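Before any questions on how it binds or moves, here is one chain, the form solved without the partner chain, in structure tokens.
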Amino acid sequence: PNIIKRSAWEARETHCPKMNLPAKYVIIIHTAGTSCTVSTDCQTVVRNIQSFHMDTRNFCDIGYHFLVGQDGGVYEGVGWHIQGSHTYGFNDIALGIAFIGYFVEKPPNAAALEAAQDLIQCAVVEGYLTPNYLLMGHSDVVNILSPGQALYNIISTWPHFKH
């Protein structure tokens, strides 16, 4: 897919750690904030995410390698060659792809989903991602207690658990 570069959304220039390529994992994330369905709005959101990550979160740059808007566009975060700040303990081996929006109740539209799969496939073709890469959701990294793990299963039987 034709990637919308940092220059397009007027990203703040930085000098961050380099990425270890090819990446071996793809971690899907959602920004959990507002979505965007037209390019101009997506550029604004991406720019504001970079500012928040840097100024408030103290990250070196925006934490995602790429972001996907519901305009069907793929937006360069830090890109292929820069380390992410999206999932601690995996930022230099995992490509963090974040869907712009909140997708708990509804999924991103077909345009966004297809753009994401196209990006992942292209990553392998170009050598940015290993052909035997592991795809997972943000919560799937083992250090984040999640469903299926022994401890999670036990606390899910405790009072007040999600109710």
Given for the second form:
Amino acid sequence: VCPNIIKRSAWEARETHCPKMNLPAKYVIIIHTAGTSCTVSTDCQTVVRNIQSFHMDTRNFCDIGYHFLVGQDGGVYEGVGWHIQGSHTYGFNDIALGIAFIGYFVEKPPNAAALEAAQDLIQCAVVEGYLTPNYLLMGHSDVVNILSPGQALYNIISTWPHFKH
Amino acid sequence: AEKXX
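Now that the form solved without the partner chain has been shown, please provide the structure of the form solved in complex with the partner chain.
Now the complete complex, all chains and molecules, led by this one.
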């Protein structure tokens, strides 16, 4: 059914009190972190933890801006989760579940384990009623001017169901 | 990442 999902406590997330996300979301936006990648769970948690602190301390967000992140370890990491507002895409933080692949994917795409985990996640969101059945899937760059989720990754998701052409 | 908007 739903992939495992590594929680904030596991990667030692800082505590916050951020605005709630009203479910179900109408869109899914694919993003890459554009930073280092990670193929083992402990390396990925550290990466997630630093991102939360980067977003909070330098970008001044309320928390990590993603709802979830996916690692080349085939792991799905909880960003703010399903119930919190996001801080990933201008104008879509309250209606779009932001999912970031941990890594930089313009030249090379996430591995099979990552791509697979991402999809199982999306599937779960619909099944569970967190996403509308008719939801739209888009690339970060289709929405705003930004270098994400990277061409190689873009080419893959564009073949996904619901991808908005 | 792009808060608010």
